[PDB]
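Only one chain is included here, represented as structure tokens and corresponding to the form solved without its partner chain.
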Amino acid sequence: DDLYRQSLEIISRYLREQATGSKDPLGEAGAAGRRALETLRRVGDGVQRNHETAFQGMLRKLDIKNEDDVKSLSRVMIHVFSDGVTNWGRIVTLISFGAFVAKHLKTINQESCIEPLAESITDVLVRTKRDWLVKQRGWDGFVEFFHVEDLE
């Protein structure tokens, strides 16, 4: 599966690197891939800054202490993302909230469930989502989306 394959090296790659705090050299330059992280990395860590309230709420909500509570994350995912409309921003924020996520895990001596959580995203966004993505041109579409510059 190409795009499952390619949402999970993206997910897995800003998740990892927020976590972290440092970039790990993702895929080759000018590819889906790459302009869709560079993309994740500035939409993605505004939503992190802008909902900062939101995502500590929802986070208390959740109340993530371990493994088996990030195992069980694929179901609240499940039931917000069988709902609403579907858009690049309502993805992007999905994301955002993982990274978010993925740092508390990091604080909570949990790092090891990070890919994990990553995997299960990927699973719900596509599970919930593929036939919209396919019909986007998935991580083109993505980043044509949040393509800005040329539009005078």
The other form holds:
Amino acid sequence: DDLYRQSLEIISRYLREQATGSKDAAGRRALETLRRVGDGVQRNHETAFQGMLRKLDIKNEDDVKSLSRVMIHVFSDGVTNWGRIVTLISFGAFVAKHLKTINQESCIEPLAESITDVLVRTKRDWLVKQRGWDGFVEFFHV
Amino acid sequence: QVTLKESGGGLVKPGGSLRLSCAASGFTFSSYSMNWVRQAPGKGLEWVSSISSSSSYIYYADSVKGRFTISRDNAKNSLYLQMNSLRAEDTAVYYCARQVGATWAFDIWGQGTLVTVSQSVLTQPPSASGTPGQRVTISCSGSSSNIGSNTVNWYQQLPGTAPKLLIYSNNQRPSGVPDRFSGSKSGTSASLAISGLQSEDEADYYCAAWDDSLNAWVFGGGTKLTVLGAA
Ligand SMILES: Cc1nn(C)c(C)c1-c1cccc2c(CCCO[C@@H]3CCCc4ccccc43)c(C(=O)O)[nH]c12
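Right, and the form deposited with its partner chain bound of this protein, after the form solved without its partner chain?
Now the full complex is given, and it begins with the chain already shown.
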């Protein structure tokens, strides 16, 4: 399953460097776009993001495992697009930053797995029609 | 100066082989999907193949599967068409075209190259006519898997010229297209409107959309628009 593995590698790498603050083919191009658009979405939606973060009340590892419920519940609500997919990964980065401050850095890798799982399981067909990560790069090109 | 320029066309015997090249200038080539589109002499547009930016997503029309191979070299800004087992039916002018990531419209087209070897899924009326100032409408009929699931694009083709993007995303006009031109979509049909005819409007018009069942681009058969009684 190339699509699950590829998506996990991109989401995990970006979530790691958003918490650490230290950066590290098709995947190479996708991370460049994700840094540019992701950090953009985080600024434009800080009021909504901090409001959701305080409502969730993430203090330990148990809370991180229960996030998959809310994830599926709100991500599946309406119609999907590249922007909503970017908001999913951007808020995922906004939570990973909170996990660094509360000394729960060990919960960054499983959160990235849970995010990839929801994305691929609910939207595989949409992602395939849209040309996967090649499509993601071409969509946000400026 | 954002341009595309085709090379390789020539006379070939049936069953022969020929290789096409397309050189891109003025843009980040590594960040765009690329297409081949052919036009038999005195006939309509026909999509051939497409390749994504990283070469991961490749598609072909049924009439070329197994004989034609699309490839790209981002380090040389080049797109290729490797054509084996060439048939009389393959005689056409082959166009190189750039596709927009956010819309799938073909915004930049090359001048074409003649390859000489020696029924469309979207229906349009074969002809349309009017007088200066008149409002004329051109229709485009498809089905659930194409127009019913995807956006419609329109292309203008002036006599002895390559096609150009007229309308994208059903009703959006690119920069340089007059507001006389407008579009609409309803169910599995679409329409092109010219509110106030001008003599430079005399041309051929084609619609196009992606098909989710065929995994292919389907073009309309075209409409020849004539401008009558001016001076
Ligand atoms: C509310 C709300 N109002 N507005 C105007 C906006 C921008 C938001 C908003 C706030 C936060 C997230 C989203 C998303 C993504 C959906 C998934 O999010 C889950 C829910 C929690 C657990 C969790 C943990 C890690 C990563 C993802 C998540 C969307 C969207 O799908 O459009 N909208 C969000």
